[PDB]
Amino acid sequence: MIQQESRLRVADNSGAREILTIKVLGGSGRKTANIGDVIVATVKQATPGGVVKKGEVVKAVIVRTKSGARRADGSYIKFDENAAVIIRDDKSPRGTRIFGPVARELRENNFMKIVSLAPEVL
Amino acid sequence: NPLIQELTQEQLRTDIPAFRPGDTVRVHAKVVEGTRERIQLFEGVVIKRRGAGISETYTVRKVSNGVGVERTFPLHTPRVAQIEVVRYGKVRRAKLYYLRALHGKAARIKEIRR
Amino acid sequence: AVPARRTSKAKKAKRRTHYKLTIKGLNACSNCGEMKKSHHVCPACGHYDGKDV
Amino acid sequence: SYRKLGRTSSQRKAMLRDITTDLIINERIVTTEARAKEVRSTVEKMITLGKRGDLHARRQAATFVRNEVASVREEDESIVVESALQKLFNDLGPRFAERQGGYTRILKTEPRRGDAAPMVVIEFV
Amino acid sequence: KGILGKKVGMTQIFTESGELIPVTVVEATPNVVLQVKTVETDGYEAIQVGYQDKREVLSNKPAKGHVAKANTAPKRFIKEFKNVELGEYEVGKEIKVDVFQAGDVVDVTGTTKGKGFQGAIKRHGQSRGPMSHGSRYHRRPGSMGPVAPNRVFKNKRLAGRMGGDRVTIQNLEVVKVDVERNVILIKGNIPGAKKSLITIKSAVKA
RNA sequence: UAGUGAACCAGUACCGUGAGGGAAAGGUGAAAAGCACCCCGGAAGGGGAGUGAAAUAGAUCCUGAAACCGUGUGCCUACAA
RNA sequence: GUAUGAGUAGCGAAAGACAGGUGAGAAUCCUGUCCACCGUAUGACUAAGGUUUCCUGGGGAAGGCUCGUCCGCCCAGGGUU
RNA sequence: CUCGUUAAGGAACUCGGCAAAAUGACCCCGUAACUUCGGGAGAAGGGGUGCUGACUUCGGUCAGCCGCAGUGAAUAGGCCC
RNA sequence: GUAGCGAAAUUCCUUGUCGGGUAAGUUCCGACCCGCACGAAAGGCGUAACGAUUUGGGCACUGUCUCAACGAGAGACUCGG
RNA sequence: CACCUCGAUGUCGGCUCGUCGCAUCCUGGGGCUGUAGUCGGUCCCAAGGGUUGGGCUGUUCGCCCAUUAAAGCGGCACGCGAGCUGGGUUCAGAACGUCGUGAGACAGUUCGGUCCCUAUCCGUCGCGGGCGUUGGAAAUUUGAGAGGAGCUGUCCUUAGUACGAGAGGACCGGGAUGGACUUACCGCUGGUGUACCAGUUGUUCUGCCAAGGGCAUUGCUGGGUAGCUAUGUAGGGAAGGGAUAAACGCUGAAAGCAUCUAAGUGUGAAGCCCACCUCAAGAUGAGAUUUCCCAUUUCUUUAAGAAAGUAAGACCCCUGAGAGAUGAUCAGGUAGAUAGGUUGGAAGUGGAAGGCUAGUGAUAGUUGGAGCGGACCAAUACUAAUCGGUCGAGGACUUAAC
Ligand SMILES: [K+]
Ligand SMILES: [K+]
Ligand SMILES: [K+]
Ligand SMILES: [K+]
Ligand SMILES: [K+]
Ligand SMILES: [K+]
Ligand SMILES: [K+]
Ligand SMILES: [K+]
Ligand SMILES: [K+]
Ligand SMILES: [K+]
Ligand SMILES: [K+]
Ligand SMILES: [K+]
Ligand SMILES: [K+]
Ligand SMILES: [K+]
Ligand SMILES: [K+]
Ligand SMILES: [K+]
Ligand SMILES: [K+]
Ligand SMILES: [K+]
Ligand SMILES: [K+]
Ligand SMILES: [K+]
Ligand SMILES: [K+]
Ligand SMILES: [K+]
Ligand SMILES: [K+]
Ligand SMILES: [K+]
Ligand SMILES: [K+]
Ligand SMILES: [K+]
Ligand SMILES: [K+]
Ligand SMILES: [K+]
Ligand SMILES: [K+]
Ligand SMILES: [Mg+2]
Ligand SMILES: [Mg+2]
Ligand SMILES: [Mg+2]
Ligand SMILES: [Mg+2]
Ligand SMILES: [Mg+2]
Ligand SMILES: [Mg+2]
Ligand SMILES: [Mg+2]
Ligand SMILES: [Mg+2]
Ligand SMILES: [Mg+2]
Ligand SMILES: [Mg+2]
Ligand SMILES: [Mg+2]
Ligand SMILES: [Mg+2]
Ligand SMILES: [Mg+2]
Ligand SMILES: [Mg+2]
Ligand SMILES: [Mg+2]
Ligand SMILES: [Mg+2]
Ligand SMILES: [Mg+2]
Ligand SMILES: [Mg+2]
Ligand SMILES: [Mg+2]
Ligand SMILES: [Mg+2]
Ligand SMILES: [Mg+2]
Ligand SMILES: [Mg+2]
Ligand SMILES: [Mg+2]
Ligand SMILES: [Mg+2]
Ligand SMILES: [Mg+2]
Ligand SMILES: [Mg+2]
Ligand SMILES: [Mg+2]
Ligand SMILES: [Mg+2]
Ligand SMILES: [Mg+2]
Ligand SMILES: [Mg+2]
Ligand SMILES: [Mg+2]
Ligand SMILES: [Mg+2]
Ligand SMILES: [Mg+2]
Ligand SMILES: [Mg+2]
Ligand SMILES: [Mg+2]
Ligand SMILES: [Mg+2]
Ligand SMILES: [Mg+2]
Ligand SMILES: [Mg+2]
Ligand SMILES: [Mg+2]
Ligand SMILES: [Mg+2]
Ligand SMILES: [Mg+2]
Ligand SMILES: [Zn+2]
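Chains as they are written, first to last, in the entry's author numbering: chain N, 1 to 122; chain S, 2 to 115; chain 4, 2 to 54; chain Q, 2 to 126; chain H, 3 to 208.
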């Protein structure tokens, strides 16, 4: 459950390290965003040499959350942190490498490039 | 409640091994990426067992790529091909939530060899 | 908040219509015949259900 | 469920222990409705421990019963004192060895003057 | 199609394809058609159905006389079903869970669990007031209205008794029917406390 | 409720550190003859029995208004603003 | 003087429980047991202040925010070397 | 009203982080700009704390043991620009 | 009207203009000076330390909030006084 | 302007709660277009629903950031302070600029500055008692009327088709899946869970060891049953009719033509009435169906008379929860499983005590998935629902028909 002001790690090497949620897209009054949702965020802390830099307004996709997801089979997945990946408008990640595991729900959300790049999909 | 037990006795599985929280398990979880179906092994320590009868569930935690991941499965889910007890651990409680805080060496569990 | 108008005698009596006691569950004690509350030990003879206690 | 008896948790526990020990000692006591309806269960469970009679039940009961003097007698030209726990495991247990629960009865009496509180007598059958 | 049963409880079921769904177990001992209502006699068409055989000491002479026509023991519950084919039913006929088939879409009617006296925040899901910043307004029902009317409009929702209302859930799925146990497994959850009356009818919307 | 604040143990009771401020409160019956004795009640208080012309003159005692409270009922009243 | 509000607010920080006794009458008084509270005090002395509230034997009119057989209250005696 | 806990988020509340939360004991390391050279400073930021043996130069050290956690409860600074 | 300071506890026009901070800053900080209407003991400018002072930012922390849920106690509720 | 209020009508902004108007922001329908298409512009009908999260500022307003289909305008004492706040305005303190000789003053600024009231009546939200509904009862019911709901995004297909030179790119039609809102529920994820289990500190008590009890916020800490719960789960606003708005007609004269109209006749919207959900015969207009009891006794009186035993039945009282402030509702009262206890289980916890073994020891293993186990499950009359009591009909008249 990611909402406005919620801070997330960056699971890619685009340069940004921590981002702050600005908006939860997908509805006028939508409050919370979960795995597979795209958010407007701001780069609060950036790697010095990265492409993306501090203070830029960016779009990112949630790739793992403390409150994770429930599968049609009745199973659940939860992660130990909330992380997102910065994406271009066409869902292509700004960075080149993904860090840490990723949720399998991104597949049906059609983030195929991120799914492929992920070191592991669960 | 007896009626519920009788109704769900049919779907209760019978190939479940005897495992308790603290035992490392390998879960042959079926996964489908389309038409194709596949078995992905989720191996980790059992952190929680709760519920009863058909509603029983268990949680397995593993640190993958430096990020903890916890998967909760219905004990009698047909989507899990097999549960294989890789190891038995010595734990002093039913719920091992405290492990979520620990990392690496601190999270080690001594083996008992039941 | 305070009474805008004093309550008249009739209105007061109407409100008190339901302000009354009741006496229920009195019946003859099987042992001595004196009245007693049902399901209670008769205070006169000390019996209940045909036995002294 | 269980009643709160207008006390905090610890105070209610202490009051129930006191009343249960008093009922063990005297075998007949006058209390209020709610106090009786809780003491019945507590004392019957103590009696169950007594009927079991093993050391485990002895100590489990000791965790509850008060350390009071159940009775005193003159025997062997000497005074013998029996505590509530000893009475529980020597008399009440063997007494009720054949009864399958329901060792206590409650009789409804007149309400108290100072409160109109519905009073009852609770006693071992 | 309709039937009366008892909300046994809730569990979960694995279906084909391995999906896990929560179901409510509702038991319905064969109900009995006690009376047939017709336009000529009553002005409308419906069938009276009784359920949950009831002890004679719990029944009355008028109730026994009423159920005599059907020749059955006293029933604890009686309800009328409309939108049914009067031709297909007659006094003394039995109705069983087998009337429904797995995958049927039904309306389930119950009496919601009672919550006693409840405040407006819970009873109507209204917003609380701030809990700090000197606020002395926490769980109160808001303003009662404008000054001009010199009164309070009807439907100014306030605290009161919550629950115990007749509630219908539409388009629930009949997961399973066990005729041997007189059981229906209905996907989802249904109103009412366990052992309360439940009414299943063929979904009107469909 | 007048008449001195004070017809009565009043400049008292009471209030205020103090100067000071400052009340309420009369009437059994001709005569106590002030209800011996009995009954209920722990007493109080009553019911008899007595005194008395009168006791609904019984000491809160001459008369006993109104507000207020209660009992019994001749009539009316639960579709009315 | 008496109403209305109204038999409503309030009954002023906190643990009592049972057995026995007393008594017309007991949650409220005495005794007993256990339990619980304070313990740089909620203990032990003293100055001021109060001025008999100290003790013993009775009482339950009024006071005690309930009750009361009890009291720092009332009645009778005594008590400060 | 007083108090305990609370998923995910963590000031988005709000005039205002009001209130609440967090820090808090002792031992060790370490500690900036600026400065009136005294301070800042308990800056900051970190580490240790239980039990049992052996040995101690008596403060320790080595080894072992247990728990989720060792000032195991209570009382004890939030900090910085 | 000098030095010094200047949209200031003083700047109405005014959220002056520019830069920093923020995703976004009428507040805040830095700078400019057309100072409506600063200015040198009703002192000018600066200043270490200090402040239950006013103001802005940050970390930690949290129901403050998204958005409320449960539980304990006192009152409210029923009964007796 | 000065008509009510100065023997007091509380003033901005915000919060909670909304409700109403339509001069309509979106959604719906339509005409014209300098409407190719996609976008639009303007106007007509339309108020059913919805119409946001922040930075700044006491703010309204406004700018900005990021979204949305949209981010409407207004009234209701610029709604709502006996519902809340009190940042601003507007007391007493103090200061700056300015004015004044001065006390002081400034819709000029700045720091700080007590928001009382136990609801009598109406009104509103819920719950009872009485009587009526014309013999007395137990159930089921029709529906006069009333309330609730009413929103919408994206994607796929039709189709890269119609259109367009190209770029670009549809109407209608058919599917999938969301946002917000909302009705229920605890099987799942979690929260809570103060008479569940375990660890642990200090002190104190059970004579001591051992094992335990008291207090320390439930002493603290790790879990957790039922119940209550959302963020968790399931469902909903679906299809469809009738009459219409603007609009479009068809036939048709007045007025040989023309003309939607005068007669006649039709299409037409998230709009109206139904349809969906809920309450509903105190709807005194008091309805309807099935079932049960039966015409008693005495005295008065031809009385629709009175009381007194009843019948069908209801209640008192007692055991309770799925119910609950109390009434009430519902489950039961030995014709018994209503509750307590007991027995057996379950969740839950995590391996009891006493031994045994190993170890100098802390401690580990074993006896043993042990011990304990509130609300959960099933049996069991062992305890308590005993004995009893109260209330409760005999059915008016007129006139059609039979
Ligand atoms: K006289
Ligand atoms: K009268
Ligand atoms: K008065
Ligand atoms: K009164
Ligand atoms: K005395
Ligand atoms: K502000
Ligand atoms: K500092
Ligand atoms: K440690
Ligand atoms: K300190
Ligand atoms: K300037
Ligand atoms: K100035
Ligand atoms: K800027
Ligand atoms: K300062
Ligand atoms: K200060
Ligand atoms: K809290
Ligand atoms: K918020
Ligand atoms: K005025
Ligand atoms: K148009
Ligand atoms: K509208
Ligand atoms: K703001
Ligand atoms: K409005
Ligand atoms: K106010
Ligand atoms: K009025
Ligand atoms: K919990
Ligand atoms: K101890
Ligand atoms: K103690
Ligand atoms: K009726
Ligand atoms: K053992
Ligand atoms: K077990
Ligand atoms: Mg388990
Ligand atoms: Mg305690
Ligand atoms: Mg005792
Ligand atoms: Mg809110
Ligand atoms: Mg009016
Ligand atoms: Mg005078
Ligand atoms: Mg006279
Ligand atoms: Mg007189
Ligand atoms: Mg009428
Ligand atoms: Mg009338
Ligand atoms: Mg009142
Ligand atoms: Mg007191
Ligand atoms: Mg103490
Ligand atoms: Mg101290
Ligand atoms: Mg004395
Ligand atoms: Mg004395
Ligand atoms: Mg008194
Ligand atoms: Mg939280
Ligand atoms: Mg958390
Ligand atoms: Mg803010
Ligand atoms: Mg805000
Ligand atoms: Mg604070
Ligand atoms: Mg500590
Ligand atoms: Mg500026
Ligand atoms: Mg700027
Ligand atoms: Mg000056
Ligand atoms: Mg000068
Ligand atoms: Mg100066
Ligand atoms: Mg009372
Ligand atoms: Mg004039
Ligand atoms: Mg006036
Ligand atoms: Mg219009
Ligand atoms: Mg901020
Ligand atoms: Mg206003
Ligand atoms: Mg007002
Ligand atoms: Mg001057
Ligand atoms: Mg201040
Ligand atoms: Mg749940
Ligand atoms: Mg459950
Ligand atoms: Mg010991
Ligand atoms: Mg049962
Ligand atoms: Zn008797």
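Read the hints as simulated data drawn from the structure, not as lab findings. A hint or two may mislead.
In silico SDA-like cross-links for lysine to any residue, where the CA-CA straight-line distance does not exceed 25 Å [stated by the list, open to error]:
1) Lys78 (chain N) <-> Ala82 (chain S)
2) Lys52 (chain 4) <-> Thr105 (chain Q)
3) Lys31 (chain S) <-> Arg70 (chain N)
4) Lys156 (chain H) <-> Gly127 (chain H)
5) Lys196 (chain H) <-> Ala104 (chain H)
Label pairs and their calculated CB-CB ranges [unchecked claim]:
6) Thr170 (chain H) <-> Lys25 (chain 4): 51 to 61 Å
7) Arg109 (chain S) <-> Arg70 (chain N): 50 to 60 Å
8) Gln172 (chain H) <-> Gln83 (chain S): 36 to 46 Å
Just so you know, even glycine gets a beta-carbon here, dropped at the ideal spot from N, CA and C.
Now the hints, each set against the structure:
no., hint, verdict
1, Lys78 (chain N) <-> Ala82 (chain S), "21 Å, holds"
2, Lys52 (chain 4) <-> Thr105 (chain Q), "16 Å, holds"
3, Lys31 (chain S) <-> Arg70 (chain N), "15 Å, holds"
4, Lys156 (chain H) <-> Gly127 (chain H), "18 Å, holds"
5, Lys196 (chain H) <-> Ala104 (chain H), "23 Å, holds"
6, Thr170 (chain H) <-> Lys25 (chain 4): 51 to 61 Å, "42 Å, violated"
7, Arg109 (chain S) <-> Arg70 (chain N): 50 to 60 Å, "31 Å, violated"
8, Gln172 (chain H) <-> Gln83 (chain S): 36 to 46 Å, "41 Å, holds"
Consistency note: the structure conflicts with the earlier hints numbered 6, 7.
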